[PDB]
Amino acid sequence: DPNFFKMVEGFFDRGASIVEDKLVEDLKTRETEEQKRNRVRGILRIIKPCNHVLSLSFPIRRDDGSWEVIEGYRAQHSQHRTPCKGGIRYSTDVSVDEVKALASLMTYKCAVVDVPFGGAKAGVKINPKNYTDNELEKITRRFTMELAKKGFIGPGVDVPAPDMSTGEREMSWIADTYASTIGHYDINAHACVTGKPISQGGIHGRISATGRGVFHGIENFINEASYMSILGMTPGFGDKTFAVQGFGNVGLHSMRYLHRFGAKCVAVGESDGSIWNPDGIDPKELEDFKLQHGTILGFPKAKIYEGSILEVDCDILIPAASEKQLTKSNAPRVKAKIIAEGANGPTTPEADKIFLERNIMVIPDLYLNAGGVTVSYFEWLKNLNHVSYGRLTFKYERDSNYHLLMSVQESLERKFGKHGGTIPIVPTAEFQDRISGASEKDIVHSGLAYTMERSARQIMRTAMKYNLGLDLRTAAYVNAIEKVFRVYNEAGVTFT
Amino acid sequence: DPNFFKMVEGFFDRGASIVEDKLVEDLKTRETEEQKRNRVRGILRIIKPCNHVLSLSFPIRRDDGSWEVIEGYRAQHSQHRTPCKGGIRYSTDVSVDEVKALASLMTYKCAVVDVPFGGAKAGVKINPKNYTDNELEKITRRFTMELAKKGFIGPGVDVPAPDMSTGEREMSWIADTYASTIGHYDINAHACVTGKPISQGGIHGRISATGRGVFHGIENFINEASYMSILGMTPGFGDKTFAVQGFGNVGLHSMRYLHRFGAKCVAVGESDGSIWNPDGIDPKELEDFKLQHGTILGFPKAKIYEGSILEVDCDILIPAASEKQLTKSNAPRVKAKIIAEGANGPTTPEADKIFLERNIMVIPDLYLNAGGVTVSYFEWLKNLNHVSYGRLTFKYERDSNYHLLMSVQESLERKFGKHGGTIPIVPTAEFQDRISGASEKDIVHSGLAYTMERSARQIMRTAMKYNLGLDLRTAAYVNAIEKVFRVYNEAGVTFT
Amino acid sequence: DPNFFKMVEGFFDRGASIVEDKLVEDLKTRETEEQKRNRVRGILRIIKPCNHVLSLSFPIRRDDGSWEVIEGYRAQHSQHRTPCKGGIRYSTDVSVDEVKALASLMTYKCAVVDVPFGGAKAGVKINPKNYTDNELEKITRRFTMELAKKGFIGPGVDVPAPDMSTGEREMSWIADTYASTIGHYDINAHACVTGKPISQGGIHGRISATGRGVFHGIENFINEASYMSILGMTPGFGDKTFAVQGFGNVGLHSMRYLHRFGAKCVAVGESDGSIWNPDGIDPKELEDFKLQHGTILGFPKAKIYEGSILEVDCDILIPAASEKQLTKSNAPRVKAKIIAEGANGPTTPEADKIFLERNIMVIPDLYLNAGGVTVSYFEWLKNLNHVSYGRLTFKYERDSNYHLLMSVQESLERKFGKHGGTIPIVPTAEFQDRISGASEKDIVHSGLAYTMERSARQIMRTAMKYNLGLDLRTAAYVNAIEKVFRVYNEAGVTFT
Ligand SMILES: Nc1ncnc2c1ncn2[C@@H]1O[C@H](COP(=O)(O)OP(=O)(O)O)[C@@H](O)[C@H]1O
Ligand SMILES: Nc1ncnc2c1ncn2[C@@H]1O[C@H](COP(=O)(O)OP(=O)(O)O)[C@@H](O)[C@H]1O
Ligand SMILES: Nc1ncnc2c1ncn2[C@@H]1O[C@H](COP(=O)(O)OP(=O)(O)O)[C@@H](O)[C@H]1O
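For the protein sequence lines, the chains are A, B and C, in the order given. Per this note's numbering, the first sequence starts with residue 6, numbered consecutively. Per this note's numbering, the second sequence starts with residue 6, numbered consecutively. Per this note's numbering, the third sequence starts with residue 6, numbered consecutively.
Everything labelled a hint here was simulated from the structure, so no lab data went into it. There may be inaccurate statements among the hints.
A pair holds if it fits inside one copy or across any two, identical chains being indistinguishable in the list.
Straight line, CA to CA, 27 Å or less: simulated DSSO-like cross-link-like pairs of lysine-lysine [as the list claims (entries may be wrong)]:
#1 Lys143 <-> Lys488
#2 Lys470 <-> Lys41
#3 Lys33 <-> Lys295
#4 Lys27 <-> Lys358
#5 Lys329 <-> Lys11
#6 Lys340 <-> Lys329
#7 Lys488 <-> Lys400
#8 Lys333 <-> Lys358
#9 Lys134 <-> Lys53
#10 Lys53 <-> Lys41
#11 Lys308 <-> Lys245
#12 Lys446 <-> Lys33
#13 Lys289 <-> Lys33
#14 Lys154 <-> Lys143
#15 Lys333 <-> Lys245
#16 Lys155 <-> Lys130
#17 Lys134 <-> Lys41
#18 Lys488 <-> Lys154
#19 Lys446 <-> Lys470
#20 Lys446 <-> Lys488
#21 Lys11 <-> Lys488
Work out the full structure, taking the sequences as your base and the hints as a guide.
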């Protein structure tokens with residue numbers, strides 16, 4: 006047990022060193038005044054620390070008429086990409102050292118999924134309970150104010166997002182505050198923050214995002230025989246079998262989207278206890294079974310099983326909960342062959358270590374739960390576009406598609422004295438329903454999917470030119486460093 | 006063999022006169038207060054000269070600690086279209102009278118290819134050699150500064166680009182300077198200049214842009230039997246044969262893309278000497294053969310041939326070098342049937358004259374090397390879109406496409422007791438590779454081709470209208486004069 | 006006995022408590038919904054902590070081509086007054102916790118001398134030695150940049166100033182950077198920072214400013230028999246006698262301006278050793294004597310005396326050096342009857358305590374070395390005025406003055422058969438030289454003393470209001486709190 010701030014910092018130094026020798030080179034193969042390049046490693050010392058961090062105290066006024074001051078931080082890591090992105094945390098456990106780590110995390114996380122934002126993160130030292138809905142709103146709005154005035158929020162400067170401590174509403178308040186104040190004259194005022202309600206300029210399909218990110222990330226590697234050969238898989242065992250720890254939003258969708266492609270939830274474990282059925286626990290019901298109650302416990306069919314499931318027999322173990330739940334102790338011990346980080350840093354740097362050796366593939370948090378970020382990028386664009394995705398093209402292609410099927414029809418019925426004998430026109434049962442109910446959402450998923458795939462392959466190749474086999478994490482961090490580097494490099498030295 | 010400034014100015018006056026009589030009419034057929042429209046030629050008097058030209062002297066400081074002042078000009082021709090476009094030249098031979106001519110040239114060149122920019126051009130009276138890389142950067146950045154402060158650079162005002170004297174690099178410096186200074190608050194700060202590296206917001210497929218522009222321009226006329234009849238071509242002579250003078254970026258790609266479609270580089274000539282093989286010099290090697298050296302000379306297989314190529318026996322002669330290399334004297338002497346201007350004004354108004362008569366087709370610089378401009382327009386849009394072309398859509402259609410092929414399959418397999426007998430699903434061998442490796446560049450290329458063809462068509466009619474035959478140039482100028490006139494007409498009449 | 010951050014914090018809490026009971030009243034005597042005002046002490050909880058503090062890391066690049074990142078902080082305490090004021094410190098000993106304290110200090114220091122600025126302070130974790138003049142400049146400029154972009158410098162937002170670690174030139178760099186960058190369009194761009202050279206918009210008489218502040222502060226109390234009665238003075242002892250510890254800029258001018266009005270420097274002590282003569286050490290020579298050398302040591306006339314001076318027999322002891330050098334130990338122990346804080350917090354809260362009791366008057370740092378701040382306010386105004394003080398009026402009243410003397414003359418010469426017998430016209434010997442060499446400086450000097458004079462009796466009356474007797478410090482702290490309170494109250498408590 007270290008703390009993030011550290012792991013991330015360690016994760017960087019490492020990827021930084023791995024890249025360096027081969028960032029004098031593969032690149033300026035050559036150009037070499039001096040052959041100190043070895044040297045534009047000053048670049049990497051610039052990249053490392055957060056460039057800006059604003060701490061502030063601001064007063065709100067509670068409903069009981071009493072004044073109270075509030076502490077809050079927002080740290081902008083890099084600005085190599087022009088608008089900073091990152092969530093806002095409402096917890097009494099927010100430290101300046103952490104918003105800084107998490108800002109540091111997203112700087113690279115965005116790079117991984119080709120999202121053109123610099124990493125940022127905010128924290129308000131508050132516990133959203135001790136405050137009413139009216140009180141929460143005042144905090145957000147007054148917070149939005151101070152950020153704007155010091156350039157830590159703005160559609161071209163810094164675009165926040167919600168954490169798990171905050172909701173779409175608070176984002177709505179943030180947007181509405183900015184648009185009615187400093188950003189009155191901004192035609193893109195509502196692009197100042199993402200994760201906001203649809204009625205307020207939100208994007209469709211923001212909720213499945215993180216979960217699907219986990220899915221496609223797993224799948225990209227699950228269909229690569231190389232990595233599946235080292236574990237000896239492209240699976241043979243009940244076809245597939247997985248356990249999910251943490252039945253939050255991310256874990257839920259993860260189980261669902263994975264189950265439906267022929268994979269088997271053997272066990273689901275939560276904050277409380279856990280459950281098991283080796284037949285397949287089934288999303289859905291479990292799902293219903295809970296909204297239904299309050300927990301997963303006492304589930305029919307499925308079993309009080311217990312402690313954590315981090316080591317239930319399976320292939321794919323999915324941490325979708327808090328931190329650190331794969332330490333070192335329960336490390337040589339998991340089973341799961343593929344550990345899919347559906348949460349930020351749920352494995353200590355040593356779990357990685359024992360895992361790496363035990364010949365099991367840990368799919369990095371840096372890459373896997375970047376699904377939400379990827380879609381948040383799309384929401385930001387949507388606001389800049391001032392139009393829902395697909396609105397002007399949905400009907401155009403529906404026509405075009407029917408026009409092809411009509412063409413295949415005619416062409417076949419000439420070959421051939423006819424009319425309406427041969428009937429290609431009909432789309433498949435699904436193709437109809439998808440043509441039928443095409444919405445922005447479908448584009449957003451399709452975008453996410455392509456991004457995950459394209460990013461999955463860039464990690465696989467970065468891992469290979471570096472001879473890295475199963476340590477996807479530092480390979481992922483490396484892919485990030487190289488990307489953040491050339492932005493700095495091919496920009497200049499003289500001015501800023 | 007005068008100043009280039011002239012030809013352009015002569016080229017205009019001419020197209021202006023041709024349009025005029027029929028710009029009292031074809032338009033206000035009628036409307037006629039007075040019947041002086043004949044008079045809203047004041048419009049054409051306004052269109053003609055550059056509206057603004059800024060000369061400036063600014064100090065840099067060399068690496069040897071010595072101060073040195075630097076002269077620089079940028080001329081904005083028209084602002085009928087809201088952001089000015091045009092390159093920056095680093096040569097000691099830049100005159101104020103030239104940046105004006107070239108600005109004048111692009112003002113019409115953009116109109117030809119429906120690119121919504123006003124013509125501009127900058128020149129820094131400097132020789133990039135006598136200066137280090139550090140020194141070059143200082144010059145750019147300080148130059149970018151002064152332009153910004155006087156409104157001669159900005160994403161909505163004036164968007165520069167590189168010339169052959171400048172690289173992507175310097176464009177990167179320009180962008181980074183602007184974004185860190187005057188345009189800090191601009192959400193489109195990096196749209197202030199094009200031709201910049203991909204890591205800095207450049208567009209994929211820029212390098213081939215100007216070269217392909219040359220290709221498609223040639224091809225559009227090469228597949229029209231009318232124009233190919235007058236020369237007696239839709240070619241018969243070794244199928245096809247062409248000589249390229251100037252092995253720069255434009256000439257290189259030109260030879261490659263032309264060769265590829267069954268056409269034959271008989272000869273390649275450069276700054277130094279020249280080269281011949283009547284079998285086909287082959288891009289490629291010549292290409293490699295040089296990167297390789299420093300020059301084309303001493304090329305195996307191909308021969309020390311010598312002086313300029315401008316009259317080597319071929320059909321298509323492609324000037325892709327400096328100015329004026331088709332004067333007058335070597336005019337009734339070329340052989341080439343088709344002179345494809347892959348550079349700005351390489352033929353004097355007189356070469357045109359003898360050529361026109363000798364019944365050979367000169368494809369205008371005004372239209373042909375507008376390929377780079379067309380794509381620069383796309384780069385500008387890309388920055389406004391804040392997303393790479395095809396991103397969110399590449400996978401969406403890949404799905405959609407497979408969905409249709411699936412539909413054609415099913416539909417045919419009912420006609421018919423089956424399953425997977427009939428197999429439409431498979432795309433053609435190419436359609437796969439296209440779907441497979443779809444990238445931004447494919448979108449860029451498709452856009453470039455579309456523009457070049459449609460402009461060729463636009464030109465061909467304006468030619469056949471006034472029965473200009475093979476006078477493609479003053480047709481395209483007439484085309485451009487008309488377009489620039491319209492915007493002026495249906496707008497400013499009493500003020501601004 | 007404390008450090009830095011703490012004394013100030015303690016100094017506030019205290020004055021805050023003293024004011025409170027009488028800040029439900031003297032004020033809203035009355036108005037009392039509820040009678041919880043006792044409550045708009047939330048105001049005082051808001052006033053207390055700094056509202057904003059920006060930490061940043063930024064790269065410079067040394068002359069040896071190596072990259073190096075640099076840490077820097079600037080804290081804005083209050084913004085009840087619209088442009089923040091405060092110095093910039095170049096020391097490796099800068100903590101985030103001091104820049105906050107010192108920002109906190111000035112927020113009240115300005116209030117004391119009716120200077121309408123909110124307290125701020127910056128620190129760059131650097132040692133100006135290990136860096137060349139070229140290197141120092143890059144640090145300043147790049148630092149100025151990041152402050153501007155986050156709204157921590159600007160003529161209407163935050164106006165910095167030099168500390169002892171920084172000079173007028175770095176201020177000049179700061180101004181020139183801002184004016185050439187973010188604040189290019191600002192007609193008051195050079196009002197962004199004070200303490201800059203005269204050629205760069207500095208004000209005349211900035212150097213004597215802090216020193217004279219010390220003088221007039223001492224003098225205001227030295228001519229009040231009440232306070233001079235409790236010590237039993239309006240002095241009788243060698244008329245007067247004073248020791249100065251710290252021969253910096255402030256201590257130097259202090260000794261000079263004090264000496265000049267019939268007061269004796271008995272002893273001068275420094276960083277190194279010390280010096281005594283009970284006859285009078287004489288500014289001037291000591292002054293000359295060291296420019297001369299490097300130190301005060303080995304001074305003729307005057308003696309190696311030694312250790313600190315802090316207790317040499319005198320009336321007035323003037324700490325014009327580092328912190329803390331009146332602790333507690335050497336507290337019941339001084340003799341000086343008047344301790345004039347010519348530096349920030351040179352007495353621990355306990356020295357105050359023993360002093361208060363021992364019936365000796367400590368003139369607060371909060372009030373005394375506010376002379377520099379007062380004049381810095383004038384420099385800010387000067388830039389806003391875009392004209393040197395007195396320029397259009399100097400000659401006008403020179404004429405007016407001579408016109409009165411002419412009037413007195415004539416009028417007397419009627420009373421009386423004459424012409425030019427009676428001669429009032431002549432000004433006094435001084436009045437001539439004053440009229441003769443009137444400059445901006447004379448206005449600046451004037452404006453300062455009136456401030457020090459009025460602020461003096463503002464504190465006297467407040468000390469009187471709360472029966473604080475000789476607790477001049479928390480008389481001044483209370484005095485500031487009241488001011489900052491009224492601003493906060495008589496405006497912003499709803500959503501501001
Ligand atoms: N966060 C980031 N940091 C550094 N580079 C990035 C980041 N996001 C994207 N890039 C880079 O920007 C370049 C330009 O990409 P572009 O073609 O505009 O879209 P895409 O990134 O989808 O290909 C790419 O080479 C990509 O690696
Ligand atoms: N650079 C230009 N200068 C003058 N007129 C132009 C220019 N570009 C386009 N136009 C004219 O303006 C009209 C509006 O263009 P539009 O059809 O909306 O876009 P596009 O030019 O991309 O087809 C076009 O028909 C064209 O004739
Ligand atoms: N930094 C400050 N904080 C709070 N109040 C202040 C500050 N500076 C000045 N004031 C108050 O603002 C008021 C404005 O008075 P004004 O007419 O400007 O007279 P003066 O020129 O003496 O300030 C004064 O009563 C003064 O007490």
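Okay, the hints, checked on the actual structure:
{"no.": "1", "hint": "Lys143 <-> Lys488", "verdict": "between (39 Å within a copy, 25 Å between copies)"}
{"no.": "2", "hint": "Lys470 <-> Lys41", "verdict": "within (23 Å within a copy, 64 Å between copies)"}
{"no.": "3", "hint": "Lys33 <-> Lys295", "verdict": "between (58 Å within a copy, 20 Å between copies)"}
{"no.": "4", "hint": "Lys27 <-> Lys358", "verdict": "within (24 Å within a copy, 58 Å between copies)"}
{"no.": "5", "hint": "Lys329 <-> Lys11", "verdict": "within (12 Å within a copy, 38 Å between copies)"}
{"no.": "6", "hint": "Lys340 <-> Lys329", "verdict": "within (17 Å within a copy, 63 Å between copies)"}
{"no.": "7", "hint": "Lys488 <-> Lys400", "verdict": "between (38 Å within a copy, 23 Å between copies)"}
{"no.": "8", "hint": "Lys333 <-> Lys358", "verdict": "within (9 Å within a copy, 57 Å between copies)"}
{"no.": "9", "hint": "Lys134 <-> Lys53", "verdict": "between (35 Å within a copy, 26 Å between copies)"}
{"no.": "10", "hint": "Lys53 <-> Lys41", "verdict": "within (20 Å within a copy, 50 Å between copies)"}
{"no.": "11", "hint": "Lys308 <-> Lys245", "verdict": "within (20 Å within a copy, 66 Å between copies)"}
{"no.": "12", "hint": "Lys446 <-> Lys33", "verdict": "between (43 Å within a copy, 25 Å between copies)"}
{"no.": "13", "hint": "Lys289 <-> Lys33", "verdict": "between (54 Å within a copy, 24 Å between copies)"}
{"no.": "14", "hint": "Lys154 <-> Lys143", "verdict": "both (17 Å within a copy, 22 Å between copies)"}
{"no.": "15", "hint": "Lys333 <-> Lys245", "verdict": "within (26 Å within a copy, 71 Å between copies)"}
{"no.": "16", "hint": "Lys155 <-> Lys130", "verdict": "both (19 Å within a copy, 22 Å between copies)"}
{"no.": "17", "hint": "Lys134 <-> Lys41", "verdict": "between (55 Å within a copy, 23 Å between copies)"}
{"no.": "18", "hint": "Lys488 <-> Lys154", "verdict": "between (31 Å within a copy, 25 Å between copies)"}
{"no.": "19", "hint": "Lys446 <-> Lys470", "verdict": "between (36 Å within a copy, 26 Å between copies)"}
{"no.": "20", "hint": "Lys446 <-> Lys488", "verdict": "between (29 Å within a copy, 20 Å between copies)"}
{"no.": "21", "hint": "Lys11 <-> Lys488", "verdict": "within (22 Å within a copy, 46 Å between copies)"}
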